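Q: Residues per chain are reported as follows:
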Amino acid sequence: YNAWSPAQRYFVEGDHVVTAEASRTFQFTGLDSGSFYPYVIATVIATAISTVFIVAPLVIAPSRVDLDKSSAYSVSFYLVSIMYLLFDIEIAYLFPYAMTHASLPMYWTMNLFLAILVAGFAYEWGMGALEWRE
Amino acid sequence: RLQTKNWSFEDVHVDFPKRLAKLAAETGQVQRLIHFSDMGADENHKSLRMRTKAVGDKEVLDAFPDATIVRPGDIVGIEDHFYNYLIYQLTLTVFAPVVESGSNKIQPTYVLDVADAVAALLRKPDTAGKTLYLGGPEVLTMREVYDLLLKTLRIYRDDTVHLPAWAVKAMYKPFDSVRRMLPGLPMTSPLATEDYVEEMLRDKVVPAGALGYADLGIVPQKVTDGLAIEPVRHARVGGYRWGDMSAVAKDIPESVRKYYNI
Amino acid sequence: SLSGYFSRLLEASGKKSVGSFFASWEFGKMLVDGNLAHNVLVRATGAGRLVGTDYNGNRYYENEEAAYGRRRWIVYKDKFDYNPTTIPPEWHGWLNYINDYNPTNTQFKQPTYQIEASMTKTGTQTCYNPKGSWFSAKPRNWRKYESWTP
Amino acid sequence: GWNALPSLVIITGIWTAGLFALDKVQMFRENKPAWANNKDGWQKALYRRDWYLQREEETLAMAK
Amino acid sequence: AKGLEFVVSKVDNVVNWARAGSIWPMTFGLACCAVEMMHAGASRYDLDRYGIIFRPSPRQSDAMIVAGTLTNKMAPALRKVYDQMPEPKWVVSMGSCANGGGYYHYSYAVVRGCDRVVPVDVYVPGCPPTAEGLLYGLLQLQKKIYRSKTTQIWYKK
Amino acid sequence: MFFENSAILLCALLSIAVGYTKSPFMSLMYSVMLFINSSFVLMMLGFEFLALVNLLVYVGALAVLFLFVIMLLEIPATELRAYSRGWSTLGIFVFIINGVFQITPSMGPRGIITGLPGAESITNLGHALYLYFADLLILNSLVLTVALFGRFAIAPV
Amino acid sequence: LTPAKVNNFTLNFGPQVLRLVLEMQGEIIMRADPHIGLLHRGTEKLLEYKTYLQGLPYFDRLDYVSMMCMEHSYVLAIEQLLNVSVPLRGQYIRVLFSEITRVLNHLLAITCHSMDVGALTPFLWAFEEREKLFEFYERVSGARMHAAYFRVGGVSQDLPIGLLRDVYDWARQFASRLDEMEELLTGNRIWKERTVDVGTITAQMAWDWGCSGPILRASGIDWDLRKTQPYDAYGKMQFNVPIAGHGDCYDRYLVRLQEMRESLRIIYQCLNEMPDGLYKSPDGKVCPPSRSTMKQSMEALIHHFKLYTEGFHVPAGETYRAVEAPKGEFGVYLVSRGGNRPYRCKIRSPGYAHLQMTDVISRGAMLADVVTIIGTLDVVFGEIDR
Amino acid sequence: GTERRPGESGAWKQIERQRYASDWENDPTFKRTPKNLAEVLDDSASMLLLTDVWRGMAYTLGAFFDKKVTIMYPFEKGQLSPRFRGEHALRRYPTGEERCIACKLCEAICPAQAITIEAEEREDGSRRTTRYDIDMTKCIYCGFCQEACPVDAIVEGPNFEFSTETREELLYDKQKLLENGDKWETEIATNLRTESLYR
Amino acid sequence: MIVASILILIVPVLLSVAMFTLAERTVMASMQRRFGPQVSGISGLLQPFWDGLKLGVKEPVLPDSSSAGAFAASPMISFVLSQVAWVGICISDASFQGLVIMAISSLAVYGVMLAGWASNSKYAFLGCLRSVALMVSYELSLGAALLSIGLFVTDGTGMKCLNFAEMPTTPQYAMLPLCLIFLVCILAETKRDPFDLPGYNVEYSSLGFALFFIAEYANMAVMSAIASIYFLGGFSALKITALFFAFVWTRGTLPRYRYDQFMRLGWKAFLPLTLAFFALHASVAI
Ligand code: SF4
Ligand code: SF4
Ligand code: SF4
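Chains as they are written, first to last, in UniProt numbering: chain A, 132 to 204, 219 to 279; chain B, 134 to 395; chain C, 2 to 151; chain D, 2 to 65; chain E, 8 to 164; chain F, 1 to 157; chain G, 76 to 91, 98 to 467; chain H, 33 to 231; chain I, 1 to 198, 205 to 292.
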């Protein structure tokens, strides 16, 4: 990203600053704190590396054609995956509460959330839904 | 099939067979000298490999009177140099060039027929000192072969293009003027050469009155279909669920077609 | 003891100087063969003594303080193509823990027809082949009769 | 285990060299040994104001 | 030109070094000789010391060691797995049952030697061969791999 | 801002591609990519936490169940008229009218808006969730319980 | 009479030498159909073209994990029809080496079962003692596995001097090796949860399913051939019988361990009671004479000539004898016509019977337990497929 | 320990049985119920905090600092005995004459049928072989040939490292067997000087 | 600059993963009274290098009856995820950096699933699902453990975040059961004992197999760094090596569990314990 208004550049006028931002160096301490930017470049580099390692044995290995070489030598999953869905949503709900200096009524409401959660979870427990015989 | 900085067409196709025939005649105990060439070999061809092949055949004949010359056409097989490169050109590539109209006529043949032919040639004495041409029971053009291949691969997108020969040469010109001073590279089709273009401008079938499989009492099996077509079908594994094709509804089981109501 | 360690290293490697050793191609191959390097640097350099030397130049060492099955070990002179086939039989029994007899303490009886030990020739064209093989000097037709010639 | 000990030391040394090199490189890049610190919009505003002020100083540096 | 040839020779040396020292075989627990094979990888002999790892798939398998007798009913499956081996590949024949049939050589259902189905690079004799003998045979396989010169051939092609 | 705008445009491209293809696996892969890129572009709006929430939930939980259901329920039926029966023209024509030219856009009379980065406060978010919309939080708890109980009661046995 | 119709579920468990086809309605096994014969070498027909001494090495490679036990049954079957008494010292040696062989079979079986379960250390650890006992075998017969030591009327050679010293030295620490072996699995919750209550078998089914060896003992069944139908010097030996009552994989594991303990006890008792005397039966017309005797006597030379070419002629008849094999009860049925070759030699293998229990036992189980079933079954296809 | 517990059973029939029937209590092999706070804490320490993995872990860790039995082949070998049966070989007499007299006892006794013998009287009147071949790819190394021979002609030598790159190299003839005997005679004679007290 | 930093992080990761598998082999040998890899180079200090080069020169085989694109990309995707996780470990400043890495680790489940659907192997079809379900189940408990950790992570400004540099430089003595359960969950995440029942890459080959193992051991190292930062009070090479030593120690001493058994264990013993501990920490931290 490059700034497009002097207000975004804190009302600092001139052409030097525009070009400076255009070809700036990435710096967490510069203009891009908490940028997440290296993730994308890491993705590009890893894509390149993995593609190269895929390609290379197709170059430095002899090949022979065989017919037989080209051949290979439940609801419990439903239960687990759907429970994971719901419980991960609940964990996402819980996460902001752990990131704040919550108060006592906030604590009690959080406990109410957890109480409903564990009520459903324990009902599933007591009915044999957590026994993975099937 | 391609020239190299360490080996030229003449070196492989003329001098070595000539010296081999000379040493064979020097041995005195050799009874049969079997040499191989192409059906498209002719001394008046623009293709350098075909011309070298014909010259080497003539040299072998002069050196060894009783050597038997075999000139088969396109030979098909699991690891052949005919269908495999055609697959590498139809697939794994953006577009497939085709020389001119591509209506030139060729007579592809099967390798096991060639092996039984060698056995019969060793069995028959009269074939010594002669030339035998090998070809299939059918005559087809490059366009027809490409269409049947696309049917075999069931590809719904014709990626082949009919182009003038000079355009194809200019496409292959830069990599053919650098063919020398190079130790050779892998994954190079023999098709990207001007000699191939010259091959595609002439018919390559058995000459009228030539000695063929019938002279050996041999019936050439079908190359378009049969057991020789199973290996190329394993590119499409024979076809269970591959591709999007619907025209294949001919061979689909009964109840499935009433399920899809055609 | 560093001086004793280097003395043992010189007397085992067969060279004349540490500079002659570290600069030799045998050391370089020791940088890629871990078993050979282990021989040269660890097992031969420990507590123990030399026993004797065969006509192939290989050296034999024994260490009574070691545990059973690991008391005896040999250094091949051929540093690049070491092979067990070159060990003479009169050392084979003591090496294989079959007998406690070696040339340095046992005087065996040498037959006049005794053939010495050497490297195997397997994988080469000079190796043995049966008399009906194509590599044989004169091919044999094992027909048990004589064909009549006019 | 005397045979695995060389590998044990090598792993630690490899990670040590890599971390030291990354430390030096990122210190050269960011020019303060605290860039990994948590930052809110307030600290972000201060940092961006400071960067634009340095750029403004350079702009006014080439005027005398 | 001489320097390029020297580089080719050194590269061939390195290629042989890598391929010989990291041979991964596949396990065919056929018969008797497998027990010697199992003890060969054990603590006393330590096949793993020589860069040897047994893989569950032919796809990572570098060479095949035949440890046990081969039947006619088993020959198609053995050819199946060998034909699943990728290149470059090798075959090691251990045991007289694998060698030429041996003590079942006149049986009606025994393939007289695994040679009749697949090529073999190393023939290890013994009924059973010693695990030490298997070590020696695999070292000889390494020696055969050492003499290989592929890029030397390719540069002169 | 070429690449940011390209990523923004990629979202609707993937959205159309999701319905375009006939392989269910391809549709799910397209949806996963769309979810990831959507979260990444929303990250340009300054929502670090919400992007991770969306990523976690939809990729790890929902798309996994999608692929599982398809893999347990879908023999390839692509040729089963999925290519031989085609697609309804009225649907694509209506979709063009609705989304290419957008005769009824969200903004309506407005034709230009300014997009500005935000400042996500997990502290303010928590304050709102547990002080201003706590009742809705408990209602969401009840909805989660509804989902769990209904699922476990609709079990196919 | 039967169509295919519903294809639905289809499975293929291993061409690599057991071939298994199973049937699940999901995660739980309902049917399991093993297919065998990939190691069927047709030895029984091959036996007919060999002399009794010629065919002896065939019995080495029937159970290449336990060899001398395989030799012993065939030798006893020959001798009983031959009416030959075995000398005391030979019986002592046979029993002692049989106990060592049983120890080897138990060690390899338990280690392979562990590796299939997932424990790799006991495998490597116990193979060291296995190498020790292989050295013992080589010292006495020159072969690590296929000794061919047992002979009709005794053994090929007497024990070399200094062997019992190392045998006792090995026994002095084999108990410690076993103890350190147990602590890796015995007190583990994971090993039990993998093994407890998996493949439960009853006494009634086991006797219906023809079980033998340790599997029988784990069902509350008091049975040892060495105590009910003793052979050679096993009657003199005093040792205990481990007994379990669940028919569990953990139970079979413990039963095999206690069997190893009892084998060590018998080894000690044999070591401290070794007698001095003849090791071969004094009948030269069946037993080969000494080489020194052969080279200085016409009669022994003639008998060496005849036995080593034609062999002794068993009188016409029939008998079946079995031996308490480490994998169960190993028996051989011998049919005699009167000549120097056995007319018909049928071989009975306990693992073949145990392998028949897979379908009924694997019902209600999981794919993680099929390997458990095979490992606890302790089956060698060499005896299963002959 | 070998005791059992409810929930640690690896099945469903047994687990469903024990959680709905107290049958395991009647079994003495099941660890009995804790009766006080101390026993409850002991059970909790047994289940939680591992305390079962810990012992095997410690024993393996002690094995880490322990010695090894690994040998450095080919620079070290194993232990073997004179009775070892290895490569078949042909022996001579100290004057130099072949011990084998073609009595064909070895071929008769061999159950492997791997021995092919042809022989006739030599020009001096001696009874010597004309063809002596043993198929090592077919030989089972049983040593029964060494047992049958009454002149100590055929012996399985202490050579066991004789693997070849081709199968044809193992088709041993008379000449190669005699070469092997001349090579390994001293070791074989030394072993016989020991084995004579037993053979 | 950023690219160079990425590569400078990459190199020790690959070299050390090679060394990790080598040392795991060798320590397993040491605990098994053997020596392990010792011939292949000085004391066997060259084994993983030749193994990688060998699998590089080995022929890659592609089934003709499936979609080979997914077959290629699945190990590629796993390797990409490993590299991204490492970058987020060392080259990141995100406020929810731990949550970022957790969400990243959630993504690695697909590679096993992609491979499982890709090849036409029935037991791959089953084992991929089994491993997927195991890691998915344990992910909730891992997130709960991070939730518990986040209850005390505060910077100087007073904002609660997940920044690594602001984690206390002291061990958390007050969450030892939480630490133990997190370590066992980490053990489960890497298909290691006692959760090595699921392999999924059976029909794979060559550098694809190499990349699968690279991703596995890289994820193991990532989780090790996470654990060291969270409970051991800092990020250092010594702690990484110690955790790997302990993991090899556990692998070489224990057998594996059954499928439904570790399912029951995770769903009835681990997640509820983490929930109760999270509630207790939230209550006390108020
Ligand atoms: S060669 Fe001998 S020991 Fe090896 S498998 Fe065959 S019969 Fe068994
Ligand atoms: S080797 Fe011995 S037994 Fe065989 S034929 Fe010669 S003398 Fe007779
Ligand atoms: S050792 Fe046995 S198989 Fe070999 S030649 Fe002698 S009798 Fe025949």
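None of these hints come from the bench; they were simulated from the model. Watch out, some of these pointers could steer you wrong.
[What the hints assert, rightly or not] Calculated cross-link-like contacts (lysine to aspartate or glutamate; reagent style EDC-like; alpha-carbon spacing at most 16 Å): (1) E:150 <-> C:82; (2) C:145 <-> H:197; (3) B:155 <-> B:212; (4) H:215 <-> C:91; (5) E:150 <-> C:34; (6) E:164 <-> B:144; (7) D:45 <-> F:48; (8) H:45 <-> A:276; (9) H:136 <-> G:391; (10) I:274 <-> A:276.
[Stated by the list, open to error] Here are some, though not all, of the chain B residues that point toward chain F, as calculated from beta-carbon distances under 7 Å: (11) 285; (12) 289; (13) 374; (14) 377.
Quick reminder that beta carbons are idealized off the backbone N, C-alpha and C, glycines included.
Q: Hints first: check each against the structure and report whether it holds.
A: Results for each hint:
Taking the CA atoms of residue 150 of chain E and residue 82 of chain C, the gap is about 9 Å. The hint holds against a cut of 16 Å. The straight-line distance between the Cα atoms of residue 145 of chain C and residue 197 of chain H is roughly 31 Å, outside the 16 Å bound, and the hint therefore fails. With a C-alpha separation of about 33 Å, the suggested pair residue 155 of chain B and residue 212 of chain B falls outside the 16 Å cut-off, and the hint is violated. With a CA separation close to 10 Å, the supplied pair residue 215 of chain H and residue 91 of chain C stays within the 16 Å bound.
Between the alpha carbons of residue 150 of chain E and residue 34 of chain C the distance comes to roughly 13 Å, so the proposed pair stays at or under 16 Å and holds. For the proposed pair residue 164 of chain E and residue 144 of chain B, the alpha carbon gap of about 12 Å is at most 16 Å, so the pair holds. Of the supplied pair hints, the one linking residue 45 of chain D and residue 48 of chain F holds, its CA atoms being roughly 15 Å apart against a limit of 16 Å. Among the hinted pairs, residue 45 of chain H with residue 276 of chain A is consistent with the structure: their alpha-carbon atoms are about 12 Å apart, no more than 16 Å.
For the given pair, residue 136 of chain H sits about 13 Å from residue 391 of chain G by alpha-carbon distance, which is consistent with the 16 Å threshold. Note on residue 274 of chain I and residue 276 of chain A: the hinted pairing holds, with a Cα-Cα distance of about 9 Å set against a maximum of 16 Å. For the restraint placing residue 285 of chain B at the interface with chain F, the shortest Cβ-Cβ distance is roughly 17 Å, beyond the 7 Å limit, so the hint is violated. A hinted interface residue such as residue 289 of chain B counts as satisfied when its beta carbon comes closer than 7 Å to some beta carbon of chain F; here the least separation is about 9 Å, so the hint is violated.
Satisfaction of the interface hint for residue 374 of chain B is found here, the shortest Cβ-Cβ separation to chain F being roughly 4 Å, below the 7 Å cut-off. The interface hint given for residue 377 of chain B holds, since its Cβ lies 4 Å from the closest Cβ of chain F, which is under the 7 Å cut-off.
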